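What follows is each chain in one-letter form.
Number of protein chains: 4
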Amino acid sequence: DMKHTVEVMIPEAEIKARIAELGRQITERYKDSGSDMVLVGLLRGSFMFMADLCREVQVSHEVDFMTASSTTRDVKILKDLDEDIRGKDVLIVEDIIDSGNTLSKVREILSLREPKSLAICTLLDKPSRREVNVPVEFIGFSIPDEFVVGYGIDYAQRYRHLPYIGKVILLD
Amino acid sequence: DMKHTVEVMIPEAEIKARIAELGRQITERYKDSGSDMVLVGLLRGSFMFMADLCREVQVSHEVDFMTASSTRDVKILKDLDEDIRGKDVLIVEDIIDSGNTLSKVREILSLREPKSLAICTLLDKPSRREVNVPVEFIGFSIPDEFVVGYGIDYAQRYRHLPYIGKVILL
Amino acid sequence: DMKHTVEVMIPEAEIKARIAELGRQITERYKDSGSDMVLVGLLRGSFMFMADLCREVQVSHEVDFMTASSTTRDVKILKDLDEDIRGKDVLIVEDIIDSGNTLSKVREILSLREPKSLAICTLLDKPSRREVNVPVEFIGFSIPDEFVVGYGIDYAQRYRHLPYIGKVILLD
Amino acid sequence: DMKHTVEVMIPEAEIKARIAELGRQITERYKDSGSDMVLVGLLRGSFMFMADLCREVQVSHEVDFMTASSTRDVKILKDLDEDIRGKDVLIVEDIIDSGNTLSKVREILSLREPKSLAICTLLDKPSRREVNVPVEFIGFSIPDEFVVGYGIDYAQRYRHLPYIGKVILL
Ligand SMILES: O=c1[nH]cnc2c1ncn2CCN(CCO/C=C/P(=O)(O)O)CCP(=O)(O)O
Ligand SMILES: O=c1[nH]cnc2c1ncn2CCN(CCO/C=C/P(=O)(O)O)CCP(=O)(O)O
Ligand SMILES: O=c1[nH]cnc2c1ncn2CCN(CCO/C=C/P(=O)(O)O)CCP(=O)(O)O
Ligand SMILES: O=c1[nH]cnc2c1ncn2CCN(CCO/C=C/P(=O)(O)O)CCP(=O)(O)O
Ligand SMILES: [Mg+2]
Ligand SMILES: [Mg+2]
Ligand SMILES: [Mg+2]
Ligand SMILES: [Mg+2]
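Residue numbers (our numbering), protein chains in the order written: chain A, 1 to 172; chain B, 173 to 342; chain C, 343 to 514; chain D, 515 to 684.
Don't read these hints as lab results, they were simulated from the structure. From the three backbone atoms N, C-alpha and C, an ideal C-beta is built for every residue, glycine too. Don't take every hint at face value.
[As the list claims (entries may be wrong)] These stretches of chain B come out as covered by chain C in the derived footprint (C-beta under 8 Å, 3 or more residues):
#1 239-253
#2 280-291
[Claimed, not checked] Derived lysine-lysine pairs resembling DSS-like cross-links, with alpha carbons at most 27 Å apart:
#3 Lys338(B) <-> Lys203(B)
#4 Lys680(D) <-> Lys421(C)
#5 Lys373(C) <-> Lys680(D)
#6 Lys76(A) <-> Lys247(B)
#7 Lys589(D) <-> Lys76(A)
#8 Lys287(B) <-> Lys447(C)
Whenever a hint applies, use it, and build me the whole structure from the sequences.
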């Protein structure tokens, strides 16, 4: 609840072009696999990324969602997957990777269900804040240490509906 | 699951154009409210529709989701993350049909006393209606066809199609 | 996290005797009903009350649980019922009624599913704190305006395992 | 559901006496820990066992529950309310059997890095074992009988029985 403004960091056209490329890369890697494929989105902030990405993934797959959230608290599952992922190619879809804490644990949890393969695709990556070494196979943008909003990403539950990635700039 | 094929019914160009008009309507309806706004999507089928629609709504709003049980009781597998009391709420569904689940969800959310409560569905099947629930914003009125795509699935398939396709049985 | 002590308000034997009586009353009211019966416990604090009460209810019924919780926030469902309650005699089982806010909303939610009948059984009632008129058909004890612990009821996640109802007394 | 009847296998007197001994064992094991303790019950079948057991544990602990999906994937319908990192955790189940669900639940909880992780089951069926999961505290070892009562159900019936009964088919 602080006075601020929003400046564009990644224009709408830039995102669409990038996701189009991500789609080609993901398609190329999973096109020859004989197993089923699942895209797992991490609610709440990844609904928009998922919607645009899966339309660019030219491979027959399923779409599922799970909801997790963390002083230093445990990563708990508020909403689990609807479908089973055992023996399937699973691609986790996240909006942004900050410290890597949450996504590290989520990958550990899903790995217990023994999928055929397990990979991560995040739209934004903020490497300056990384605290845990987590392998990310697909990254849309590596971004500076700014607090970003838009495209499903929020600031105090605000600005999710923005078609672009903006950065919050404080005043005073 | 049966031997089948899928052909285009509503191209993504026509879906995009229709959602643009929906966004203008919603914006017109809620611009001068003053109260906080929130779009509530019913997972899973409404995630893609939500992503495109909320980008066409030129009004400051929040985005939330809930997952309902899908006769049997409508139970909540995942509730909303935020409150809706005193807010303008627009329920976002992929397809209204029998009216059952959407009628129960509206009743549940009404108990939390929001300022207003409306429903926006991408597809509507007027014929299959069993409960007369009011829908304010409808994308397409379709006959009783087996449709997939744009979040709508058939045995967990075709959710990721950018278009609304019709399933042809063989 | 304040220095305190715990004094007995309702001894273990007093509770057991009271629940035994509650069991007789509940049995008498639902023994002649031709429909199925469900006892719905509100997690987390009502697990112990439920366990002792249902053993005193001499009527063939089911046991289910749901988890709800509320400035002035909405009552949300964190865990819903496993089974359907439509056309069934439903008895809500709660540990304690303070303001009545939560239980008022929960009763409204369950009523939407159109059960044959809907009633509330709480172990403790604190009438001095009531803010909403909610009908409670069965009450174990009406208690003074004390902060109670034990028998599933906690203070900072502590003292749930106490076989008696105690009251927290602050020091200094 | 079939035509049947239920007779007593383990009277509530013997259940109570056994849980008293379990409480002494658990108390002995965890008295000098110093770290926070928490009993985790697997709903629904373990609520009655939890209520009687935790009252017999003379060590300051917390009480939590989780609900797991019950081959198919073990999914979490309801997670724990509190954290278990650095704490002594005792999973409380009504009956260990094939070992499947309890093995997965233990793996999931282990990721949260608790100080210790043990399992306490009221009933054990050694014969039906498919996954060798270590159980530290066992109430009764029983043969492969169809048992109900004390939280254990048969088509959502007999959960409220104070005793362990055997189902006799007709
Ligand atoms: O710049 C930011 N803007 C908004 N949120 C930010 C930002 N950086 C981290 N976060 C929080 C992201 N968190 C959680 C954000 O995802 C959930 C979004 P919401 O459900 O709307 O609160 C994950 C970071 P990590 O994987 O390192 O644990
Ligand atoms: O033609 C169809 N194709 C695919 N699905 C169809 C069709 N008609 C109804 N449905 C499903 C209708 N359902 C869809 C519910 O949407 C939930 C999305 P999901 O979580 O993937 O099952 C609701 C019927 P009502 O709201 O009237 O109670
Ligand atoms: O004396 C008390 N000791 C502990 N808790 C107390 C007490 N009074 C109210 N509460 C809180 C009870 N609340 C919630 C307690 O139930 C849930 C227990 P937990 O899940 O362990 O936090 C309900 C009161 P109302 O129906 O008026 O909304
Ligand atoms: O003889 C039996 N009577 C009734 N139930 C029985 C019996 N054997 C196993 N079960 C069920 C075993 N289940 C019980 C799981 O408990 C969950 C309680 P609920 O939520 O009521 O289904 C687990 C088997 P495992 O842990 O080895 O994977
Ligand atoms: Mg995220
Ligand atoms: Mg739908
Ligand atoms: Mg309560
Ligand atoms: Mg069990």
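Against the structure, the hints come out as follows:
no. : hint                    : verdict
1   : 239-253                 : holds (count 9)
2   : 280-291                 : holds (count 3)
3   : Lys338(B) <-> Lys203(B) : violated, 36 Å
4   : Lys680(D) <-> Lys421(C) : violated, 31 Å
5   : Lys373(C) <-> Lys680(D) : holds, 24 Å
6   : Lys76(A) <-> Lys247(B)  : holds, 22 Å
7   : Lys589(D) <-> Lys76(A)  : holds, 12 Å
8   : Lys287(B) <-> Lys447(C) : holds, 18 Å
In the structure shown, a violation is registered for the earlier hints numbered 3, 4, in ascending order.
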